[PDB]
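Apart from one protein chain that is not included, each protein chain of the complex appears where it belongs.
A and B label the chains in the order they appear, each numbered from 1.
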Amino acid sequence: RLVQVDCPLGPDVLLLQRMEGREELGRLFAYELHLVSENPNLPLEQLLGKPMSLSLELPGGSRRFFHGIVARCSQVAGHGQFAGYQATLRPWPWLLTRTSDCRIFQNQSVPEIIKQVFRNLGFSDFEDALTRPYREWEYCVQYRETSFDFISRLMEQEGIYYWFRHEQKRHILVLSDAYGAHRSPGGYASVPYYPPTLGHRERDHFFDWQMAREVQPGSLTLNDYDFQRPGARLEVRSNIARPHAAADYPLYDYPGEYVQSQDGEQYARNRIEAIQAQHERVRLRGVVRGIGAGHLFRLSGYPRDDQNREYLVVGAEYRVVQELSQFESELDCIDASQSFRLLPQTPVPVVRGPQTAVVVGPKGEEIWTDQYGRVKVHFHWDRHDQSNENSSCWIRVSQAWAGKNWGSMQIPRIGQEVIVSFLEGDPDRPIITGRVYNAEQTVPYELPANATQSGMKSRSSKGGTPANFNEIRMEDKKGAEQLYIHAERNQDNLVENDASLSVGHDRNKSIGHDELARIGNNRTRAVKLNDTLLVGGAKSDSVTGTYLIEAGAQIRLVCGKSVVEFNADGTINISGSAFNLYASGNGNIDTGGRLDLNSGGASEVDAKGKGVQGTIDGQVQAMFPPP
Amino acid sequence: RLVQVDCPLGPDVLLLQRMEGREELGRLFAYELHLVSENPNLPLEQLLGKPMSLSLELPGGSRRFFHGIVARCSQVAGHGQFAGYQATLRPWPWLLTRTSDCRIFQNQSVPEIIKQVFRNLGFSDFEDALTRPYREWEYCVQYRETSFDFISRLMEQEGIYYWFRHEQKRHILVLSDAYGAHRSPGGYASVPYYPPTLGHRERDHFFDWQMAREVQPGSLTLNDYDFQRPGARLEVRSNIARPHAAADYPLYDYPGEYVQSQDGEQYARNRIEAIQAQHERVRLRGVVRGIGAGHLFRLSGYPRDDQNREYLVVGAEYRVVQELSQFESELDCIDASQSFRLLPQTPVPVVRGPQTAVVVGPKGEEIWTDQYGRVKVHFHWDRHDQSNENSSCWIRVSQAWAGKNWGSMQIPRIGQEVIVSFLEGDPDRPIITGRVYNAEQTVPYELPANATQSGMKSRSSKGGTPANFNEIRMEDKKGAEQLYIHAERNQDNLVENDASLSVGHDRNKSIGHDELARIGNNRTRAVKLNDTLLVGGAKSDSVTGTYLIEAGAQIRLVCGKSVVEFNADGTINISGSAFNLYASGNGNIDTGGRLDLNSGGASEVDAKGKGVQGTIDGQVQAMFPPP
Partner (left out) sequence: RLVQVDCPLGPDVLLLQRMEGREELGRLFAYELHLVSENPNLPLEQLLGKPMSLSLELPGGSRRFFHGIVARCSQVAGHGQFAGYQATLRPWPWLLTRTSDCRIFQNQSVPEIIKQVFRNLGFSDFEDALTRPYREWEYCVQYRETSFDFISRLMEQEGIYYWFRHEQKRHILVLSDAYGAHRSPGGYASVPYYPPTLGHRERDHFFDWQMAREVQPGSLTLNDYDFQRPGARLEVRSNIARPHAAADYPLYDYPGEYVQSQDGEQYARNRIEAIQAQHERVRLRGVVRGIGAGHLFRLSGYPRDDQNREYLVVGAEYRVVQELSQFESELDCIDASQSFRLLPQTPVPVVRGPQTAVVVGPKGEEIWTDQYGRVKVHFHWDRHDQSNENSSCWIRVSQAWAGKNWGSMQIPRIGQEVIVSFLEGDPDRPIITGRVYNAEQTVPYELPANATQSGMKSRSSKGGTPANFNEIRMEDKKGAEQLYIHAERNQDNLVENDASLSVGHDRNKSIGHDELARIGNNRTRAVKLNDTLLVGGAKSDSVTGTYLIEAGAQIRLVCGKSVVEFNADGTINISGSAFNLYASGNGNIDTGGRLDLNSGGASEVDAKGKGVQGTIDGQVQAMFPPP
């Protein structure tokens, strides 16, 4: 008979003067309510945000309900006979546009993610009628977007759409990815067409009709890149053919958000089907009260036999007026044999540039990586994690030089700050592109005092202190240049062929304990001037062959009171306290001049203070002073 | 009586056939004029771009002026007696959309910056009626945007809004941030409401009314990151409560562009109040003449008690029709107790990627940094500076590896070219992410000739030349590999524990001056074959203990004419010019065979060319040839 209102503040209190609105798959509905009352001050705030329910009486005594909430309301001028109120009726997912956040999801399918969101925000009136399996997303990020947009975006991408089901007292969001999740309203399995020139038919029926066709792209090719399998062919392609001319235009995109060719196939398919869903659209007008968006119906009685087929309502317009009554609707539908998909109309969030982040990992670790050198980080905007190994997925890190098991590598450690870039601005594809210092992670050299210094200084792990490091430092200060190398422990310089060391001026070497040198073949040393050797212990030279000691002026052998002097002019002096010259065989003592014995011609040789144990020791000790 | 005109080319020349237009807080007004005149060729260009005043005669003999600039004009069809002319009036800030530029502002508050813009372009008709304190911006950039847009988004961000004051001969932009900067028109302190059912009512009044309410977000949380205080909690939150349900939806954003929590608080508050300003708005229609955007008035006589309150005119529409006189206005108002703020409508400029820049500093410096290793640069687009130390703010510089007071460091120098990235595309957040070479800053090695070389080569400063550098160079050329290390001055290799040097083939060492080595404990050297030593000066060995010299075949002591030969078979030859064997005590000479004196059995020993000073000298000089 009419439309009855069932709402807060009383049902009969508000009479529906008229209603106008729209339904559509994958979208939020909207209805304009023009309501009138007797109460001139009917509290708008007691309706705003509240559940509403329209009761349309249908044939057979059944009823169609329109449940939702008052997104917007208004009080308007009216008449002494009535108070005027208006309301914008919207579905509860609309409230997800009133809230926003940033958030990382890990190891979840999109269906699960959506459910997660609804649960997080206290919603329960929804139902999963999905039939297709979905890939598990390792890393998916909500970023600078509303919760609604996030959801919508995911659904358009994954090829999931939704429609609503109404119960007098609640509003249900049904998820679907198949025609099988759709239903025909009771008594509206098929709706007849009655050529409007015949006059208005009392039975619910159609009277207007239009079919539109448009040239769409015939093929979509996607691509991506998996660094774990670099040479793999990830190119995928989906094709849909149409009978008309010029139906073979290709599309190509990159990246397609997949690592498996199977996933790529699905995504390509979803997108090209969404496009192809626009190839043919059918518009009908009638007074049909039971059919809305998401419903299935079969057209009958239309002259052109071809059009008497089952359709899926993808959208609808409504117009209701009441007097104190008419009901008009317009349907927008497609051939039910077509695979309905949503068009990518929801904006995609883009990271507009680099962000800083902190490297994180397990509480007992210092360094945390894997076989690819990837690391995990904590983004400053992530207010929901615990700054640990569950913060984010593994992230590849740019190095100074990469190559086939060679190049440079300087793995970042926990607590260090890094610059994160995103491939094509996509929040789901982070990569490390630089290391930075901050007030905690300070620079290795005091600045600007040491601004002329550069280099690399490492740090022992685990438990290293400021004194535990290896470094290579370069000092460019004019007139005080330095190349400094420090090894915390051992140092090993291996040269496979020839090595060379050249020092323009002074070279010092100091070794705390033992030195061992071994020369493969020959060794030649030359000193242009003096060569001093001080030995605090004992010295032992052992030559397998000939040991030639040649001097150009004088050879001296001194040992306490034993003194031997060999002069270049042939003078040989030998002094001691006693001597024992012995031959097991014959001995000759010949002179060219006179041989004298006990004559007084020979005497002690002045050792000049040499060969004195105490003095010698002092000289050695002077080379090794205490610290 | 009517609306009069005061403009270039006359006042009574053009007659206002009709006017329609709009006013709005924080926005530019627009008035559409339909003007007519007896002069069929009234030069459009002599009106275009010029000041123009309209004058609405008001009650009490006062006048409402509309002063603006003919942004656009047109010659249209008209009558015989009066030809048609059209004009669009816009406020002088509109002209700031006709100009664009890239600029950097430093150490200035937004109020100051905006005023600076107006001064730069010759504008003076504005007034500062701001009251709250504002943050001083260290660095703020105008980039690829119009001057208008620049100041527009600054005002949105800071919660600054404006309205205009009209004087017969000029147009004033008044800056505002509180209701205290707003005024009620003379005689329009309060405006009565009368029912539209009365048809015509002569006194200025309202007759239409509508109040709209909409569900808005309830809370806003902002965040940011200050590298100078990394662990600080910059998270801030602002909350505004409404009496209706579903008023508790949170928003979250990042970065909020602040470093103090106080500042963040105020930015959050501004944003959420802007949103809340849309929660409730009132639409009024009436014939008031003096009330426009930015004016205050109190509604009176409206049946519903709580509608009779003070209002702020947010926006307004006007309609004027004059027969050759009707007047109508519609107002968009809010409750004057609410804090009016502008919505973020103005597009924000985003740097779409990296840019190159040159490192700059003081004329007498080559390196210019601070305690965090930051540097200053000159952007290529900044054509309004002197490439000096004031060209930009300090910029964080990425490094190869950054840790806690350790890591790698290579500070940019003046004149070097770098790659600058912007955090989240924000022009106000530059960061250096790479160093590059150019035609002036040439590469270390000639390419592609030395493309197989890699490494690091420094440069002495200040005042260094190409010959003053330290380097570590690697040559990968197959079959000619090289590891080259060079120190401009001093080199210091320090190993805490064990060091090792292994050379597969030959090793050469050359030292220009002195060499000194000290072995803390023991030293052993082995040479598989020959060991030659040349000493240009004197050699001095001093062993505290035993000095054992072994030979496997022969020991020779040669010194000019003195020759001593010790053979492994026991033969001891001692030849000299003379000798002096002496004991201070007893001396024994014993033979197993005969002891023959002056027998002729002994003779000179062949020195074999050894022991000759000149020869020895020559050999040393051979080892040390001239340069």
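In this text, a contact is a pair of C-beta atoms (placed from the backbone, for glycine too) under 8 Å apart; a residue touches a chain by one contact, two chains touch by 3 or more.
Of A:172, A:259 or A:548, it is A:548 that touches the chain left out of the display.
Note that of B:127, B:138, B:370 or B:590, the residue touching the chain absent from this view is B:590.
Just so we're on the same page, only the chains that are shown with their structure count from here on.
With centres set at the average Cα position, the gap from chain A to chain B is 24 Å.
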